[PDB]
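A single chain, nothing else alongside it, follows as structure tokens in the form deposited without the RNA.
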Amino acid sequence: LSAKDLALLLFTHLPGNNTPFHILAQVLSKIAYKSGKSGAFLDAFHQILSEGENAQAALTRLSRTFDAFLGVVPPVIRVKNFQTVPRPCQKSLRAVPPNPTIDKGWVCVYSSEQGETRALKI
């Protein structure tokens, strides 16, 4: 199971499009894949869904409990400017904190052409 297909599977459970949870799904999928745990992550996700939690909460829950994600720093994503960041993510942009980690709600860091930065908070 590729990071791409894992992310797509997660997408099938998420409301809307291009939301911070879609970004989170992509970020987590890549980390899970590289850790040799794409399967275990998907199974853990499915378990949480089966307990009545929907995907947004399941993903934030996994981001703070699943071992592959603990203490991992968010990826930097390059953009021309912050206008490039999808509309449904704009209101979740923040100044970058001292030590952002995924398990504390910091999904990614957007970096503009000039090295101005914003973190995506969930």
Contents of the next structure:
There are 4 protein chains.
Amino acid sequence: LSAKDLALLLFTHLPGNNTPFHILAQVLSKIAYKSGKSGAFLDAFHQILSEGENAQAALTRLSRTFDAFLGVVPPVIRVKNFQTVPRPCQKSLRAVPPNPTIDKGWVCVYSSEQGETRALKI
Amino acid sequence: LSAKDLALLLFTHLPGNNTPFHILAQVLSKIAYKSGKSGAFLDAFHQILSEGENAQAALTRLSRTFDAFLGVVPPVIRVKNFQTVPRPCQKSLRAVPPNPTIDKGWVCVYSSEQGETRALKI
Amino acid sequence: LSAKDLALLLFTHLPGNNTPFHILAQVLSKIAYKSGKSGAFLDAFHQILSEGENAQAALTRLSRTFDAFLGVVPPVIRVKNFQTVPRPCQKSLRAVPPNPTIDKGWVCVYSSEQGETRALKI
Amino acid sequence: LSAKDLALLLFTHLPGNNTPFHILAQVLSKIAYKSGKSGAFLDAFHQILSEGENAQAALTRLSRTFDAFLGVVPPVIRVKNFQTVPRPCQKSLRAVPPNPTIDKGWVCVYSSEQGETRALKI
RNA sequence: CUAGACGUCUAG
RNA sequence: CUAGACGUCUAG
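Coords for the form deposited with the RNA bound, given the form deposited without the RNA:
After this comes the whole thing, all chains and molecules, with the earlier chain placed first.
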């Protein structure tokens, strides 16, 4: 199952659109796919849901416990400006810390044309 | 007190029409009735109200604490499509998780004519 | 300042006519006057406005914090039927809870000729 | 770019005539110009539009976030009477609060020939 | 203390 | 479309 199809599937479990969790779904999906852990990642995700957790709690937990995400630095996404970042994510932008990693809640790093950077934090 | 009468009574405490809480009222009433807990349920509902809680917070609380609802899987409701579902509920629809239970906020499972399913989440 | 004059003054700060907030202005003015807290009530109301809050936010806040309103049960108002209640208030009518008090958002209790009761809720 | 030209430019983005937002455009422009922020103001206005916001949402937002408007008291406008105020604005008139500021939605203060005052609220 | 997703109403 | 009041769920 491709990263795209994987991300879309996780989307069906999330409320709203273009939320920090949506971005996290895309990021975790891609990292999982490229690691060949696409199937295992999906299984773990559903396992958590069965425990009584919701999609959001599952993604945050997986980002902290799924070995494939441990120590992995958030991906850098280029954007005209920070106002280009999905609206529901804007208020979650922080200055980038020295060593950003996904297991620490850092979803991605936005880079503006002006060279400025902001990290999406959950 | 029948399920219908019980639901209609809860409706008088709820704002608007056909809200997720309206659906929850019906589900909870129906389950309570066939459990023989129709009376206890209503009493508990009034007790919570007397504590200062509103109707909405009372229903969600009951769904989480009332023993007759614990572990109970949400009922399946047939609909032509997901646009047939009451307006006020549509944006609260999500993919059905592995083990949906009412005590976890899952009101009901809608099934469409093409075998698709969406779960009402509060 | 009389309850009437007091209510009329608050009216000038409220948008529209015969809204739930208009009814609240009357109820709070009446209770305040009878308590001899007419002056204090008006002062607190303006103190809040100066904070940047609007009239509506001020009234709901006072109803929750102004000691003179704490634990006070909403006044019962007689009306032919619930259709007699001001239009703008009709959709805010709920069944009366066990222990209605103003500090809980309950403005007043409407009693119809048929003995039915509805509570105005903000 | 003078205050007049600036206001006329904002007008081209606004629906109808003599609406509360038209008055806001004039006030905000006049204040911006005198602050030497005429240019910055226009740029910010266009920036917001490019984000998907309409002219109306842009003005209200600027009035809340543009530093040149923070803490500024609405200007006083003389009128024969409150029926002389643009029709589209009349129903938005309210009693002047203790400390009216533009960043709180207060556009302007109208004063009549009888020494009476009303504030335009958005 | 942040933030996200809903629901109800009111005024223009 | 804009402004406001009330409430429900959730994540850090």
